[PDB]
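Enquirer: If you want the building blocks of each chain, they are given just below.
Number of protein chains: 2
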Amino acid sequence: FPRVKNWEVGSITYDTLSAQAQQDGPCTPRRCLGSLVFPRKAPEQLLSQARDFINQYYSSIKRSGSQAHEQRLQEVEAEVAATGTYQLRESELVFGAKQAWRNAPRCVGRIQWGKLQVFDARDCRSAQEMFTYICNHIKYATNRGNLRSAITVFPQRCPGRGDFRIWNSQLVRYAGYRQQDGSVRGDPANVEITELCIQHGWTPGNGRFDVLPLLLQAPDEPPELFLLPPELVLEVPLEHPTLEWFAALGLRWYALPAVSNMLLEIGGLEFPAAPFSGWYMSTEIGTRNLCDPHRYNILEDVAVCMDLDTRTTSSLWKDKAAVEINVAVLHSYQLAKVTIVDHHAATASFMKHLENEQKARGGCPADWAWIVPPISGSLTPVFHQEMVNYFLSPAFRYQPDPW
Amino acid sequence: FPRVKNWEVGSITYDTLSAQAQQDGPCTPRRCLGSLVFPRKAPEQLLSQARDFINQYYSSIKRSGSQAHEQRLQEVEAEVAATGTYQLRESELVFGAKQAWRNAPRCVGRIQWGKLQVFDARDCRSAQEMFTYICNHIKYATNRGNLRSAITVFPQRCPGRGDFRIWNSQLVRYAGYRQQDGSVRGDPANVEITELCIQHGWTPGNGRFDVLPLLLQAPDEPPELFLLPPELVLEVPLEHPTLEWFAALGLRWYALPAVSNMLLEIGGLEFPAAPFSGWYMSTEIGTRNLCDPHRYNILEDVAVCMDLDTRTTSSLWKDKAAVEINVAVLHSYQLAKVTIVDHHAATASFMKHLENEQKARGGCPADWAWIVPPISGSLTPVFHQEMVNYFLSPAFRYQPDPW
Ligand code: HEM
Ligand code: HEM
Ligand SMILES: N=C(Nc1cccc(CCNCc2cccc(NC(=N)c3cncs3)c2)c1)c1cncs1
Ligand SMILES: N=C(Nc1cccc(CCNCc2cccc(NC(=N)c3cncs3)c2)c1)c1cncs1
Ligand SMILES: C[C@H](O)[C@H](O)[C@H]1CNc2nc(N)[nH]c(=O)c2N1
Ligand SMILES: C[C@H](O)[C@H](O)[C@H]1CNc2nc(N)[nH]c(=O)c2N1
Ligand SMILES: [Ca+2]
Ligand SMILES: [Cl-]
Ligand SMILES: [Cl-]
Ligand SMILES: [Gd]
Ligand SMILES: [Gd]
Ligand SMILES: [Gd]
Ligand SMILES: [Zn+2]
Numbered sequence: 068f069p070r071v072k073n074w075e076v077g078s079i080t081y082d083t084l085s086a087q088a089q090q091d092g093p094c095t096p097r098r099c100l101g102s103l104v105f106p107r108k119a120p121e122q123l124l125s126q127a128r129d130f131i132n133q134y135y136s137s138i139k140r141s142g143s144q145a146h147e148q149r150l151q152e153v154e155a156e157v158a159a160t161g162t163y164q165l166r167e168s169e170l171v172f173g174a175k176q177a178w179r180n181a182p183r184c185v186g187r188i189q190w191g192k193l194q195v196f197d198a199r200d201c202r203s204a205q206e207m208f209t210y211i212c213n214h215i216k217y218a219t220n221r222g223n224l225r226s227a228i229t230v231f232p233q234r235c236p237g238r239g240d241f242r243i244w245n246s247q248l249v250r251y252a253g254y255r256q257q258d259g260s261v262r263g264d265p266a267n268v269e270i271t272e273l274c275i276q277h278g279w280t281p282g283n284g285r286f287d288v289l290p291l292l293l294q295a296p297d298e299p300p301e302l303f304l305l306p307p308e309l310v311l312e313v314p315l316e317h318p319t320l321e322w323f324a325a326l327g328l329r330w331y332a333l334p335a336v337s338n339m340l341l342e343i344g345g346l347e348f349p350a351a352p353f354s355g356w357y358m359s360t361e362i363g364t365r366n367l368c369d370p371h372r373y374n375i376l377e378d379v380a381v382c383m384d385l386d387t388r389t390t391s392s393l394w395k396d397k398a399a400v401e402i403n404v405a406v407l408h409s410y411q412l413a414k415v416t417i418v419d420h421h422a423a424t425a426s427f428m429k430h431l432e433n434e435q436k437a438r439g440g441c442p443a444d445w446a447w448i449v450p451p452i453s454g455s456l457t458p459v460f461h462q463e464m465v466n467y468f469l470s471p472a473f474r475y476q477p478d479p480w
Numbered sequence: 068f069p070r071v072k073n074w075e076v077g078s079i080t081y082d083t084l085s086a087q088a089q090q091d092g093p094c095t096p097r098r099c100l101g102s103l104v105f106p107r108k119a120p121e122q123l124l125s126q127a128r129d130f131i132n133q134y135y136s137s138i139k140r141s142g143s144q145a146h147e148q149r150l151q152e153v154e155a156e157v158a159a160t161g162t163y164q165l166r167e168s169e170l171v172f173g174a175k176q177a178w179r180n181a182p183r184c185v186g187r188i189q190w191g192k193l194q195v196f197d198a199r200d201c202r203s204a205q206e207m208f209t210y211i212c213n214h215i216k217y218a219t220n221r222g223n224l225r226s227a228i229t230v231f232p233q234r235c236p237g238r239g240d241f242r243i244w245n246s247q248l249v250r251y252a253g254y255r256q257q258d259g260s261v262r263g264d265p266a267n268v269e270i271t272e273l274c275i276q277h278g279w280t281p282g283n284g285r286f287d288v289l290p291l292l293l294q295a296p297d298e299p300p301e302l303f304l305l306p307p308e309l310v311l312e313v314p315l316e317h318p319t320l321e322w323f324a325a326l327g328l329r330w331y332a333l334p335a336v337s338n339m340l341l342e343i344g345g346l347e348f349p350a351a352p353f354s355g356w357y358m359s360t361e362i363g364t365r366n367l368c369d370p371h372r373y374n375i376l377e378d379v380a381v382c383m384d385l386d387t388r389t390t391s392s393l394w395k396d397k398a399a400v401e402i403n404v405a406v407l408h409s410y411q412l413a414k415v416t417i418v419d420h421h422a423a424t425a426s427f428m429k430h431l432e433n434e435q436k437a438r439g440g441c442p443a444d445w446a447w448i449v450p451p452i453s454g455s456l457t458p459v460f461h462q463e464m465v466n467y468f469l470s471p472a473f474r475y476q477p478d479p480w
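Sequence order for the protein chains is A and B.
According to PDB author numbering, the residues represented by the first sequence are 68 to 108, 119 to 480, in order.
According to PDB author numbering, the residues represented by the second sequence are 68 to 108, 119 to 480, in order.
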């Protein structure tokens with residue numbers, strides 16, 4: 068049981084939950100690979126995962142060992158013997174989606190894990206129905222700016238049949254267009270998906286913030302292009318409370334972070350299409366998406382407008398510009414009445430989550446490099462908190478791109 | 068071998084050097100403990126470490142497999158067989174100290190590793206002579222503000238005789254006077270050594286920046302107290318280039334960071350007293366030493382003086398105040414003509430070091446959580462660089478406090 072110290076307060080806890088970690092991570096006693104973005108590259122197998130998930134479920138409602146518990150176990154055995162897979166009950170699906178969020182080591186927003194609206198799309202057939210489910214998800218989750226966490230679960234992977242897939246990494250993304258000079262207009266992160274939408278009959282734009290169409294794939298068909306109704310896509314124009322020229326930069330971002338390319342795993346079952354959404358932490362937009370060198374990379378543009386000395390690093394012009402961009406993001410979302418959390422509030426709430434999970438489960442899997450914000454790291458309490466990283470199931474996992 | 072990606076550029080390398088890591092870290096496939104501050108707490122074993130070190134030395138001078146190489150291996154074998162231990166050649170000590178710096182995974186300053194002045198104090202016989210060696214180190218390293226990297230190596234551990242130890246964690250440290258109510262005047266990081274200095278006869282001050290005396294331990298001797306000559310301790314008063322009231326805070330810091338409590342290990346030999354010094358990166362002073370809540374904790378006082386709204390996190394008052402404190406540190410050291418490096422220049426130079434080391438050795442041990450600076454993390458290139466952490470020897474290691 069690893070001993071874990073908070074260096075600000077000097078308090079000590081022991082992570083006993085890490086002993087339950089099912090899958091193996093990339094580290095060994097010889098070398099630590101904790102900084103890697105990607106840590107990883119039949120009925121007998123499925124059953125053991127399914128059994129252990131059912132046990133988790135009945136334990137969490139204080140009915141482990143019950144007659145209902147035995148009945149459910151024998152149902153999944155007969156299902157898998159007949160069909161090669163099995164079906165989750167509605168409450169098991171809800172429990173599993175929430176646990177997968179709860180177990181996500183890189184998520185700083187997990188204080189909210191018990192509040193998640195689960196939309197059951199497992200009856201879906203055809204991309205046209207997918208689009209309708211997705212549109213209802215966006216409508217519900219946006220809620221005129223009063224954002225609400227939600228997940229929509231499309232049919233599970235099964236033998237001899239293709240997957241439902243959302244090709245887009247998020248439900249809302251901005252196009253990125255290349256030119257002869259190899260540069261990108263728009264989001265460089267989305268160049269690949271932008272040319273895929275083009276290579277499927279989308280008329281591109283010429284803007285820095287053109288909302289991409291969706292490429293939805295029903296099993297064993299090619300993907301189909303769908304355009305999001307523009308009144309479903311809430312956007313926030315960015316302005317600054319005191320720097321009046323900031324608005325003239327024409328920056329904007331979208332309200333709803335809706336991740337659509339991860340795989341949800343519950344009880345050995347795999348849902349390759351299960352988009353989930355919550356709300357943004359301000360540094361995601363103001364520091365990463367707008368200031369990363371391989372994203373919009375606007376930091377020097379802002380610093381020039383601020384009349385800062387960009388010819389020496391020791392003026393900290395980068396740090397001053399970054400703070401004002403994050404201010405503009407917070408100010409703009411609050412003025413537009415769109416839910417947003419700043420990095421100080423979010424890390425404080427994660428510390429409370431760590432304390433709750435110590436009491437509830439004996440620990441909490443956490444990835445320090447992703448929990449600590451990308452600006453002002455040591456000014457937040459999570460910086461001073463030792464963390465144990467490990468993989469529990471149910472889980473959200475990376476998966477190969479469809480193409 | 069681990070594949071390692073730079074996400075800013077997209078470039079990929081393989082860390083083949085990690086396969087040579089001898090001593091084991093705390094991670095397993097089950098759980099990663101990379102964020103823990105303390106990862107770690119016989120003639121045949123000595124010979125294999127010595128042999129490996131001698132091989133490194135003769136490779137470094139392009140004389141591997143030479144007669145001199147084979148004769149030195151046999152010479153070390155003979156000495157170990159006769160005495161249970163052996164002595165380094167002067168050239169080996171210089172090389173080994175530079176290698177231990179080169180191997181230190183938490184050091185962002187390793188672009189400099191080949192420029193190190195090595196003072197051989199292995200003939201030291203008393204705490205008084207230890208003090209003379211230390212004063213000459215400080216004088217050389219400080220160089221009237223044009224700081225020069227240096228290490229002084231005191232005699233190695235040997236059986237039947239106690240260790241040389243410097244009890245202080247650095248050669249220059251400010252007193253921390255612990256109060257009644259758990260408050261502290263001065264540096265809370267130094268409460269323990271301050272109380273030990275008083276218990277050994279030091280007459281304490283009552284200021285916030287009182288330089289501590291040295292507690293120097295000769296073999297099998299109680300520690301002995303030595304006061305540093307004031308003219309040897311260069312200090313920098315802190316002012317801000319445009320906030321004139323900042324100088325009235327009365328803050329100062331010292332020029333020379335000189336770590337004195339780590340153990341230096343070379344070829345299986347152990348040097349428990351081997352203080353080393355370089356120069357500061359400005360975030361160590363401006364962000365950690367002055368803004369950590371458990372150190373000088375000046376953030377709120379500065380923010381209030383700046384007229385920031387400290388009642389709401391989303392004003393980013395903490396971020397704005399921390400930037401100006403870091404500006405003051407850099408401005409003050411530059412004005413005093415004392416060497417200092419900002420975190421943008423340091424991390425840029427560390428990226429150059431990684432490229433050099435990939436070519437030279439096929440990898441570089443690096444601790445991402447310590448390499449990324451405590452403010453403005455993703456504004457520096459190291460944030461976007463995957464890193465592999467592992468332990469090579471020669472090495473600097475933590476060791477228990479001698480009291
Ligand atoms: C409610 C507000 C939420 C906030 C403020 C939040 C915040 C964050 C942040 C800042 C990250 C790091 C992502 C990055 O840097 O790319 C993250 C990761 C993650 N979040 Fe949350 N999140 C929220 C809700 C949710 C929900 C509702 C789910 C799923 C039900 C979820 C699942 C995940 C997962 C799986 C990751 C890891 C993603 C990866 O490894 O790339 N989060 N979250
Ligand atoms: C020349 C300028 C140098 C700079 C700017 C520099 C910078 C740094 C910084 C910022 C850290 C992190 C320290 C912390 O956050 O507590 C560090 C760690 C370290 N440095 Fe360097 N350093 C320099 C020279 C040296 C030298 C000369 C040596 C030894 C010969 C050295 C050995 C180490 C070691 C062993 C660590 C790890 C300490 C630990 O694990 O607690 N550095 N350095
Ligand atoms: N682009 C690449 N990099 C890449 C690879 C893996 C991961 C990532 C990071 C993208 N995380 C998006 C994300 C995930 C989870 C949370 C958030 N934030 C939020 N607040 C929420 C999103 N939903 C509800 S809350 C944002 C980037 C590629 C690599 N290989 C081909 S593409
Ligand atoms: N309180 C504790 N703190 C604590 C524990 C472990 C580590 C640390 C960090 C100390 N790093 C000081 C340090 C080391 C190396 C480099 C630098 N910087 C520099 N630029 C230089 C110093 N020389 C040349 S360059 C600064 C602090 C305790 C631990 N266990 C019981 S208490
Ligand atoms: C190389 C490194 O692991 C990578 O850049 C990580 C670091 N920490 C992160 N932290 C968050 N929240 N999001 C990220 O994308 C990353 N990227
Ligand atoms: C818990 C965590 O490991 C600890 O606070 C570390 C994080 N990264 C650090 N990085 C540096 N350079 N110095 C530090 O003291 C720390 N502290
Ligand atoms: Ca000899
Ligand atoms: Cl995003
Ligand atoms: Cl220090
Ligand atoms: Gd061209
Ligand atoms: Gd102007
Ligand atoms: Gd002024
Ligand atoms: Zn690890």
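These are calculated hints, taken from the structure and not from any lab test.
There may be inaccurate statements among the hints.
Each pair may be met inside one copy or between any two copies, as identical chains are not told apart.
[As the list claims (entries may be wrong)] Below, a list of computed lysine-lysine pairs in the DSS-like style, where the Cα atoms sit at most 30 Å apart:
1. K108 x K414
2. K429 x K108
3. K414 x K397
4. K436 x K108
5. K139 x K175
Enquirer: Can you tell me if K139 and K175 fall within 30 Å by alpha carbon in one copy, between copies, both or neither?
Expert: Classified as within; 17 Å inside a copy, 60 Å across copies.
Enquirer: Up to 30 Å between alpha-carbons, please classify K414 paired with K397: within, between, both or neither.
Expert: So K414 and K397 pass the 30 Å test inside a copy (26 Å) and across (24 Å) alike.
Enquirer: As a check of your reading, is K108 near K414 (CA-CA no more than 30 Å) within one copy, between copies, both or neither?
Expert: neither (40 Å within a copy, 50 Å between copies)
Enquirer: How would you classify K429 and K108 at a CA-CA limit of 30 Å: within, between, both, or neither?
Expert: Between copies only: 28 Å across chains, 33 Å inside a chain, cut-off 30 Å.
Enquirer: At most 30 Å between alpha carbons: which applies to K436 and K108, within, between, both or neither?
Expert: Intra 33 Å, inter 26 Å, cutoff 30 Å: inter-copy only.
Going through the hint list in order, the structure does not satisfy hint 1, though it satisfies all others.
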